[PDB]
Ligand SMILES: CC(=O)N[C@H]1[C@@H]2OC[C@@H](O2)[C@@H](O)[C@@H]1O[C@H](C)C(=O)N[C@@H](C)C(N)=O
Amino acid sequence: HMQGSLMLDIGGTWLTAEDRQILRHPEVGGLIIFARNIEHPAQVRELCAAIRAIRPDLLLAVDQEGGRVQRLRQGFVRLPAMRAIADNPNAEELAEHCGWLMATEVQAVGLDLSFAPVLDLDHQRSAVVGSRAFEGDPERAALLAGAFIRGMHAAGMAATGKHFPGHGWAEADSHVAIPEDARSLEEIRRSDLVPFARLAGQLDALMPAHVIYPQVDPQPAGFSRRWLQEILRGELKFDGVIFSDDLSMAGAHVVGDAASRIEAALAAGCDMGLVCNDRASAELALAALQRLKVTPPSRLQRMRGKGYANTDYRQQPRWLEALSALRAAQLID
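Can you show the structure of this one chain in the form deposited without this ligand?
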């Protein structure tokens, strides 16, 4: 049997009958929630519990979109950004505390994971080459992201690096085209690939960049066997879960339907295809997996969270100690 699975989304803050029906198919392995599905933690918790009454094996993910959810949805813990964490003598400890807090709360509201950490590099073109600003300090990024992952793992959560092989040097010439990073594989290896290389052995999963690196492969990274098999699983020895990029095309189009795109993604080596914001495309992709008679990738359940839903997480000693450490570092309050 070919292996693969579909991760989809829903429209609202609760399940429709149509939602319930699509979630029952075994080829659906995951559901991702966004700010549009989130009112507050207790609602998120009950939405997750309702999904698990249908499918206890479903992987439930939140795209917090760069601390996005925590900002306008009341009641989630506000955590410092990595650049604020970096400017401390105990930055590693603080990054651990942040990974631990985020993963503890996300699992307390019934989710398995948050897609984190970001491994993309910030390149200041205003600075000149060689400086840790134009290059983006990839070793420091890998150090602090590795600490953040330790915190996530300590709370029971599997970690997903994004966006492989790194989109920090990609340039969006316009709105229609897929961004490109036209540097050689040697240049990429010594810069944006570094955090992925450093952490491939620690990460449980990766998400690909929606970028063409035309000197390496003509295809976006999520569809390239050279990127996913030769470099990621081969050179980086990565044995974790590979998510596709979003198989719904709304900004940078590619040809074919979600059916051919999920086929191409699994062909390149993805374990789980994502179809967001497009239920019609999700049903086309599901139909494709049904005709392929796929079974779930043996890797997939690595992403299941070892924590669990609970309402008392914030009164626990570890939670208070973690916040007290961020407070002592002047990062919160």
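By rigid core we mean the largest C-alpha set that fits within 1.5 Å across both forms. Numbering follows the first chain given and starts at 1. Compared with the form solved in complex with this ligand:
- Once you line up the core between the two forms, the CA of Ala133 is the only one from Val254, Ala177, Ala133, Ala182 that shifts by 2 Å or more.
- Relative to the superposed core, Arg73 shifts its CA atom by 2 Å or more between the two forms.
- Core-aligned CA deviation for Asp87 between the two forms: 2 Å or greater.
- For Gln215, a C-alpha deviation below 2 angstroms is recorded between the two forms after rigid-core alignment.
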Contents of the next structure:
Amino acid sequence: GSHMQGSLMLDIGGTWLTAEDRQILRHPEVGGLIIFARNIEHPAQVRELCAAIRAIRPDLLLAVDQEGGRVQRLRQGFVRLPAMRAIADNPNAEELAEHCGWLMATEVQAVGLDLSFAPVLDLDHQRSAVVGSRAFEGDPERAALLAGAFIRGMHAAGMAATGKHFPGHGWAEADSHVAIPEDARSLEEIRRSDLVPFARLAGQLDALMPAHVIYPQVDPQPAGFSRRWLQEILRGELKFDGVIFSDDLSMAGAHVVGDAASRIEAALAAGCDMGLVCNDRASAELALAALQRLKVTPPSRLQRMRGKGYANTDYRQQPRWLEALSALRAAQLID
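We have the form deposited without this ligand; now please give the form solved in complex with this ligand.
Nothing else is written out below except the one chain.
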């Protein structure tokens, strides 16, 4: 029996660290922090927030949701990025996708963060309100082609890639408040479609994040809690070797019985490496208490998500910066 490994990613209330923020960040079972709009004012201030955090924990993973389109936390002082769907609508989509990934990842690391939780490998079936323009395409193979180019872009900029939402949010409704959404199709239907982008890119992705979706013909549990999904299918059949983040263990509408302590245990037992407790500090502290009781140690592979860029004010003098700008301005994808 495994004396398990695992880690907690949490968040803070404001634009600078309170005393409780600093004390909770000191605990080694805490491995990450994700920022949101309420933490973000101007670029100089995000850089100071990140430096503040590194003064406490030089090893912490710092994350943000910076996709483009309708999901872009870093806005003021940043290039407004296109929705994934608009990228696909060009003759030269592959080159523009690579340019977008590179530009997003260099701007994100220029303010002190390691990673963006991107790209979305979900498929636009015109069915899930949480996908929509966040997906590249509805055709599986073209979505995998354009997302693979997006990932090449992030890598050249020095940033690890997190595909989501495994094994695909496209066919199931958009996590209503009445029930966990379901994708009722057979495993072979899913393998034939929504699983394809994850299958193509399993060798290039550094990390993955599951969908909060039950696929009852495969497992009665949401994918982020299923050993069949994460172990047998993802690590076994698709030979994925990277980091597994859980979904938001404290999300509104979760429909999971048990407090955050049993959920992070469940996430870790299923095969996740790091548990996300967003927007709920009281739950974050319960999940931390739980990791302490289990004497978890950090997953070995977690340091591979650290950014290889650095905090600077320099990148705009880099040669490639101006090509990305020109190419994307030509496609009317940015201004």
